[PDB]
Amino acid sequence: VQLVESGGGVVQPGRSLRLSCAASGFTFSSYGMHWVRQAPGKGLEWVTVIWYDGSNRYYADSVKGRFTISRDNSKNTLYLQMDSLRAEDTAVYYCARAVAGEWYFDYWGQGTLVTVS
Amino acid sequence: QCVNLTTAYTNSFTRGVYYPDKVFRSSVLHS
Amino acid sequence: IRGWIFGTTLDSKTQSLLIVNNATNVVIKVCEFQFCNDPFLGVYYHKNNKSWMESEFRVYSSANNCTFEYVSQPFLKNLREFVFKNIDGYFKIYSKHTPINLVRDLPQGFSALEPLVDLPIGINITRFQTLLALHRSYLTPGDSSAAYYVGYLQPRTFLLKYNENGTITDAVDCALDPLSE
Amino acid sequence: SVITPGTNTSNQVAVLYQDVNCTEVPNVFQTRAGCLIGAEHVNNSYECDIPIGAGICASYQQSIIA
Amino acid sequence: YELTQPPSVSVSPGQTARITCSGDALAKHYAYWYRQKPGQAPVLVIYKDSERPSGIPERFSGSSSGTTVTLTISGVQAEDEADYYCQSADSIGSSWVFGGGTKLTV
Ligand SMILES: *[C@@H]1O[C@H](CO)[C@@H](O)[C@H](O)[C@H]1NC(C)=O
Ligand SMILES: *[C@@H]1O[C@H](CO)[C@@H](O)[C@H](O)[C@H]1NC(C)=O
Ligand SMILES: *[C@@H]1O[C@H](CO)[C@@H](O)[C@H](O)[C@H]1NC(C)=O
Ligand SMILES: *[C@@H]1O[C@H](CO)[C@@H](O)[C@H](O)[C@H]1NC(C)=O
Ligand SMILES: *[C@@H]1O[C@H](CO)[C@@H](O)[C@H](O)[C@H]1NC(C)=O
Ligand SMILES: *[C@@H]1O[C@H](CO)[C@@H](O)[C@H](O)[C@H]1NC(C)=O
Ligand SMILES: *[C@@H]1O[C@H](CO)[C@@H](O)[C@H](O)[C@H]1NC(C)=O
Ligand SMILES: *[C@@H]1O[C@H](CO)[C@@H](O)[C@H](O)[C@H]1NC(C)=O
Ligand SMILES: *[C@@H]1O[C@H](CO)[C@@H](O)[C@H](O)[C@H]1NC(C)=O
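Residue numbers (the working numbering), protein chains in the order written: chain A, 1 to 117; chain B, 1001 to 1031; chain C, 2001 to 2181; chain D, 3001 to 3066; chain E, 4001 to 4106.
Pulled out of the complex, with its shape left as it was, chain A reads as follows:
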């Protein structure tokens, strides 16, 4: 199981940035996926989840209405579209796999830094 984030970079407030997490080593289409972000000097903050088939998705209130989570099960790739980014959104964004049958996150990627300024 390997999760590889990409698409991180530096943008101005109000601009959009799209992240991508490529998955391999497992049946991507069978697992739900999460994004978790960690600002420098801060703890872990859950951002969003998407279900294995994309049927359901939920967001943290702080990003609700701004972020969109999607996935392409034919490319084994998870996407996060972040619109109207603000300075407060500066953080390292990790993709993580939901554990099957439980509420924790077993596999994590390496994370990609997104800076808004």
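Hint data in this document are derived by calculation from the structure and do not stem from the laboratory. Even for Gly, the Cβ is constructed at its ideal location relative to N, Cα and C. One or more hints might be untrue.
Within a straight-line C-alpha distance of at most 27 Å, the following computed BS3-like cross-link-like pairs (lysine-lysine) qualify [said to hold, decoys possible]:
no.	chain 1	residue 1	chain 2	residue 2
1	C	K2029	B	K1022
2	B	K1022	C	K2161
3	C	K2096	C	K2077
4	C	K2047	E	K4048
5	E	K4037	E	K4048
6	C	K2013	C	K2029
7	C	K2161	C	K2092
8	C	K2085	C	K2096
9	A	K64	A	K42
10	C	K2096	C	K2013
11	E	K4048	C	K2050
12	C	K2096	B	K1022
13	C	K2047	C	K2096
14	C	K2092	B	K1022
15	E	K4103	E	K4048
16	C	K2029	C	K2085
17	A	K42	E	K4048
18	C	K2050	C	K2077
19	C	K2013	C	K2092
20	E	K4103	E	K4037
21	C	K2029	C	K2092
22	A	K42	E	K4103
23	C	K2085	B	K1022
24	C	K2161	C	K2096
25	C	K2096	C	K2029
26	E	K4037	A	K42
With the C-beta cut set under 10 Å, the calculated list includes, among others, these residues of chain B facing chain A [said to hold, decoys possible]:
no.	residue
27	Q1001
28	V1003
29	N1004
30	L1005
31	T1006
32	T1007
Chains B, C, D and E with the ligands: place on chain A using the hints.
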């Protein structure tokens, strides 16, 4: 909020009968 | 099984009847409910109390224009039977609670259902849906981690036998076969 | 009309469609009385039990016979 | 569904560290503990309050009482100097929550 969850016969025999009204009857066959 | 939705379009365009049972009572309401496609009640296992407890409703997103509300006593190898009629403005519910030793099929033999409540609802009903309590563990984002029977009523002639205590103990469906006739 | 032994003996029945051709109804025996369905017609003659008509009778012998 | 845990714990090498996390939600649902070292993604240490992954040594254990859950680390070494987090989720599965995070100083 809402959640998107969507992803045989038996024999009724002689069941499914209920009291047709609120009238007490006894020792009688009523049609 | 906690309840049922009875209505037509089952959305905020028309009035619908919502019947839900819980730990303390039954709440029956008539409103222009905007129902979910997969309406349910959440339930979780409380790790300290070591028992199942209610969480949140995910039956409808909104409700307004409420015309009727009624609250009464709860009723939802244990067979629970109900009959739902909608005649002359009355939504009539009949019920019976019987212990059984069957797994797959309904039991054989005769037991009449008694009137439970006559509700002065006065609405158009063409469709209905069963409200189930779903275990929290089913709501995980992964692909891995509630049986009932439905029949329909017909205009039939029945011969009902009342015993000495006024209990219906047997019946004949007059249109079943030439002998019943 | 419904031809039957007592329900103390059997729940088997035979049905007579009076004045009906056996071809107009939908062990099918056409009699003068009508079309008798469910009873097996036999050559053996017995004392009359349940009268059908026109010399034909039915009995329970198990199944219903004419 | 908030999770509260102390900003830091100070333990000498060879001693037992006790990192706590509290909240009403924790009296209902299971807690999960993560260990994060600088420059690395969070690694699950304990799940279902007391169970370990196969990659986690017997020095780690957990327990719960009421609204409080505790991560116990015996025989603490330099390698355990990491930020520990408590994690949970709501009753409908629509939201996940982490505590502030506890910095364990050896
Ligand atoms: C359920 O599906 C609808 C239609 O695609 C969507 O708008 C809604 O957000 C979904 N529910 C969740 C929790 O994602
Ligand atoms: C009930 O509503 C449906 C629309 O879903 C309509 O077709 C039907 O005729 C209505 N019946 C009555 C009695 O109003
Ligand atoms: C049951 O419904 C009643 C509505 O009157 C509510 O007051 C009560 O708290 C509910 N109990 C549970 C366990 O949901
Ligand atoms: C947990 O059990 C206690 C009894 O020991 C009870 O008073 C309390 O209400 C229960 N908790 C919940 C959420 O029902
Ligand atoms: C009742 O329905 C009417 C017509 O749609 C609407 O204007 C009115 O606001 C509703 N009543 C309430 C309390 O919303
Ligand atoms: C009728 O009621 C009497 C008095 O309670 C009881 O002894 C009797 O067994 C009952 N009979 C039937 C058929 O229920
Ligand atoms: C019913 O049949 C039994 C034999 O099985 C007989 O002893 C009894 O007398 C019969 N009763 C009637 C009413 O025919
Ligand atoms: C029934 O119809 C047939 C023609 O198909 C005819 O030959 C026969 O005599 C008719 N029987 C009676 C009793 O009318
Ligand atoms: C009755 O006798 C006829 C011959 O006349 C024969 O064709 C028919 O099969 C016999 N039926 C029975 C029940 O013996």
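The hints, checked one at a time:
no.	hint	in the structure
1	C:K2029 with B:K1022	25 Å, holds
2	B:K1022 with C:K2161	15 Å, holds
3	C:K2096 with C:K2077	14 Å, holds
4	C:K2047 with E:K4048	10 Å, holds
5	E:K4037 with E:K4048	22 Å, holds
6	C:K2013 with C:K2029	16 Å, holds
7	C:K2161 with C:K2092	22 Å, holds
8	C:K2085 with C:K2096	15 Å, holds
9	A:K64 with A:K42	20 Å, holds
10	C:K2096 with C:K2013	34 Å, violated
11	E:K4048 with C:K2050	14 Å, holds
12	C:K2096 with B:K1022	16 Å, holds
13	C:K2047 with C:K2096	34 Å, violated
14	C:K2092 with B:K1022	12 Å, holds
15	E:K4103 with E:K4048	22 Å, holds
16	C:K2029 with C:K2085	17 Å, holds
17	A:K42 with E:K4048	25 Å, holds
18	C:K2050 with C:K2077	22 Å, holds
19	C:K2013 with C:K2092	24 Å, holds
20	E:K4103 with E:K4037	10 Å, holds
21	C:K2029 with C:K2092	14 Å, holds
22	A:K42 with E:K4103	11 Å, holds
23	C:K2085 with B:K1022	15 Å, holds
24	C:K2161 with C:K2096	18 Å, holds
25	C:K2096 with C:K2029	22 Å, holds
26	E:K4037 with A:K42	13 Å, holds
27	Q1001	9 Å, holds
28	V1003	6 Å, holds
29	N1004	4 Å, holds
30	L1005	8 Å, holds
31	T1006	8 Å, holds
32	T1007	8 Å, holds
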